[PDB]
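These notes concern the structure reproduced below.
This view holds just a subset of the chains, kept in their places.
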Amino acid sequence: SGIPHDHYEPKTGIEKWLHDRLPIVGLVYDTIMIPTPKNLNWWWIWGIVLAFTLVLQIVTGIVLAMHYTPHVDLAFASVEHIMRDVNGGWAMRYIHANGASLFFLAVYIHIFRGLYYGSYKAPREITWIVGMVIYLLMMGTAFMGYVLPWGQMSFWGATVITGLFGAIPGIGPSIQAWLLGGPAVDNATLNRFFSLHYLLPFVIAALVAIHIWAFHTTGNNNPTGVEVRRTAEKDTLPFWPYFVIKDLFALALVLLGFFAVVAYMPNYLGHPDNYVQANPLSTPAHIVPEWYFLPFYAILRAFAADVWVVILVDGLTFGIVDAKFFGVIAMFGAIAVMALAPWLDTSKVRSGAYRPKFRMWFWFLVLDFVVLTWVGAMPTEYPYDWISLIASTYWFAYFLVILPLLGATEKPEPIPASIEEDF
Amino acid sequence: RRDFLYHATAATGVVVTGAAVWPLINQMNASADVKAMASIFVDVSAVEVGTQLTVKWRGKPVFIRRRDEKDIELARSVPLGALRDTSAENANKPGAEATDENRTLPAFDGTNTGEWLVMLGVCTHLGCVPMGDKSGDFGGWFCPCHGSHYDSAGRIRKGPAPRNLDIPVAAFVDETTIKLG
Amino acid sequence: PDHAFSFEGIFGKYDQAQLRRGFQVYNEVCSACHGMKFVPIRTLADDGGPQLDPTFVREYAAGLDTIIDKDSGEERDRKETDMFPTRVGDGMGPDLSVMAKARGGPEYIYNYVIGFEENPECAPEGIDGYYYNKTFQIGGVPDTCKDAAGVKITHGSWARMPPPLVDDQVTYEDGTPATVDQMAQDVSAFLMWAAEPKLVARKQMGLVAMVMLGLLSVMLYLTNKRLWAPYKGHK
């Protein structure tokens, strides 16, 4: 059971004088020969993808910062200095910019893999909490970063996603001014964002430290509602070399596609308007902040008192909870409820591979995510308003009511024993 | 005493910690160079009354647009009913009703109001810049960030934006100038 | 058909004669109003694009406007190390440094320069000081051409730029019919250069990396198939 196999430091004198600093003991006993089940599909790779992508972003950023100058008058020029003069330039920038896209794409699949195979269910709450914390940090990071080029979309995205904090009453304008460094956006905001943007990744790495510490102490989830049967465990092959090699193969494929993009379709995920300098006096059409924030942008700009299911007219009972504040609360709740999940699913069961109704609702949820992604880009004119309202309502409904009802009446399936599934 | 001494040491440590932390949260506030936040003299100077005039100030645009009769009549024909914000955000006067007579502007040092209207070109939803030049579904301004329709006099309509376009404190400089601040 | 360029694909390293033609046009036509500050003059020798003769570059540089200095205010000789000039206002337009990316890009410029036909049969009078373009979409439209809800019934709109070229505005030294269409294509390619000079290096890196990573991935697949063999043989 949970064989650590510390190696007893019996190799030789080198492995015996290393009794001063244990380090190799840690690596070997724990982070390399960690028994993992055999039943792992191709959905348990994306964590390696995320770690590599994080390293990539940190490196490329440390390189760019050697040529980026945070200032309204010299940011655009420095970015062009990069893409033209520097030796590698375009590569670093395109790899930095697009890799953010892959990062978020990979976390999406990392998260939805989790919702299916009960990875939030006990005893794996801490991992979930830490993951939501990370998600928040990395969203804030990417936001701070999209601003640095001082293009045109930078300015206005910052403007609105800071007016949010100002929507709330009493302490809105104060926070807004304390965050922007002033009444509106200017170089001060740029300096804050650069610093902050150059600091959070390390916090993320530490949090990834705790993320990895947790699911090593707590066994990796597995396609089944079963554990490694610790009591000797013919199942649960080790990590190295088997799963290391599997993950590296998938990672090679992913990097292949990523570099093909970088080299042929690099400006595809971007907004052309970010290639024109900023004008605080003129706003372009369809700001469309980005593609990894459209869901929450839509959940925000949906509630506007423009439907018979408009709960804003009812929330107006209290004269303080206006629309804006309502949408902001709705977004914060869209995330808080995803974090609260493990204490809402009242099921003494596990992976939805044995819960059909859950399968249907979950695929509807994935569809809802895609729809929200597609709607945040389209105007607030009919019919898109009804669509956004329906989708947000279903998100909240799933995460609040649907899981309890299932946990109550959702066991028409024969659960599998013997995690050694030699089929 | 055990309790008193221990708890007092802890309290003093906490107080010192807070006194050290506060400035790390104070430096991010507006600095003195941002404290200035003063006025601007924009000269109307025959810009062909009726289209628009925009000028930068305080980091935000200040819209100075003449009036087109059709725009005017549409304005003056708006009863307070069915008007989201009837407060006439203009700070050059009290909270008087959001009426075009009060909402257009001072009268050149003369006596007339249905000819000029200078407001803050900042959407009250989240601070975007609406597009002018007769746009939207009300012959006024349209915000492209979320779709808020403004009217001729700038009062909010058809969107999430709660209130109309504010009007800063401004007076005239004897028939060719504007004082913003 | 769509008049695809050379670089439109996995290959097409910027046929350079096209770019020299675009340069002959840009400096003699577009430069009167437009500028390219984000473009050094020393790039007209760097590989990939117009590999002109450096001496001609220094001559053409000294023959341009006067960029004064950064340390001692004094009108210099506009050395190549400096950037192309900037036309800012009073009847002038934006900077074309990266206009090929702020819009499939070059096709916009081609189909824009192409198209300034007379005013249609909805507003033949047109406008004073503004001219009509088939493809610009961010211009004003008269009320006579708008529909019942503000949308325009015209394909394009009214742009503040006049027609840049006539039937035979300039001569090509290489020998080629210098009609409007060829000039438009050439200048579009030149602007795409000014925006993406490191395109060919991009493509070559992409090829090399695709190859090396396919190799690595194949080898890893073999290693995986091997290691996982004694556990996937009876089923």
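Note that the chains are named A, B and C in the order they appear, and that numbering of residues resets to 1 at the start of each chain.
Keep in mind that, in the parts below, a contact is a pair of C-beta atoms (placed from the backbone, for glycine too) under 8 Å apart; a residue touches a chain by one contact, two chains touch by 3 or more.
Student: Shown here is one of each chain; what are the real counts in the full complex?
Tutor: Chain counts for the entire complex are A x2, B x2, C x2.
By definition in this document, only the chains that are shown with their structure count from here on.
Student: With contacts counted as defined, which of the two, A-C or B-C, has more C-beta pairs across the interface?
Tutor: Of the two interfaces, A-C and B-C, more C-beta pairs touch across A-C.
Student: Rounded to the nearest whole Å, what is the centre-to-centre distance of subunit A and subunit C, using the mean of the C-alpha atoms as each centre?
Tutor: Centres of subunit A and subunit C (C-alpha means) sit 36 Å apart.
Student: Roughly how far is subunit B from subunit C, going centre to centre by Cα mean, in whole Å?
Tutor: Those two chain centres are 40 Å apart.
Student: For subunit A, what residues touch not just one other chain but two or more?
Tutor: Where subunit A is concerned, no single residue meets two or more other chains.
Student: Considering the complex alone, what residue numbers of subunit A touch subunit B?
Tutor: Its residues touching subunit B are 156, 159-160, 163-164, 166-167, 177-179, 181-186, 188, 192, 280-287, 301, 304, 322-324, 327, 379-381.
Student: Write out the stretch or stretches of subunit B touching subunit C in their complex.
Tutor: Where subunit B meets subunit C, its residues are 133-137.
Student: Could you list, by residue number, the parts of subunit A that touch subunit C in their complex?
Tutor: Contacts found on subunit A: 38, 77, 80, 83-84, 89-91, 237, 241-242, 245-246, 248-249, 252-253, 255-256, 259-260, 262-264, 266-267, 272-273, 275-276, 422-423.
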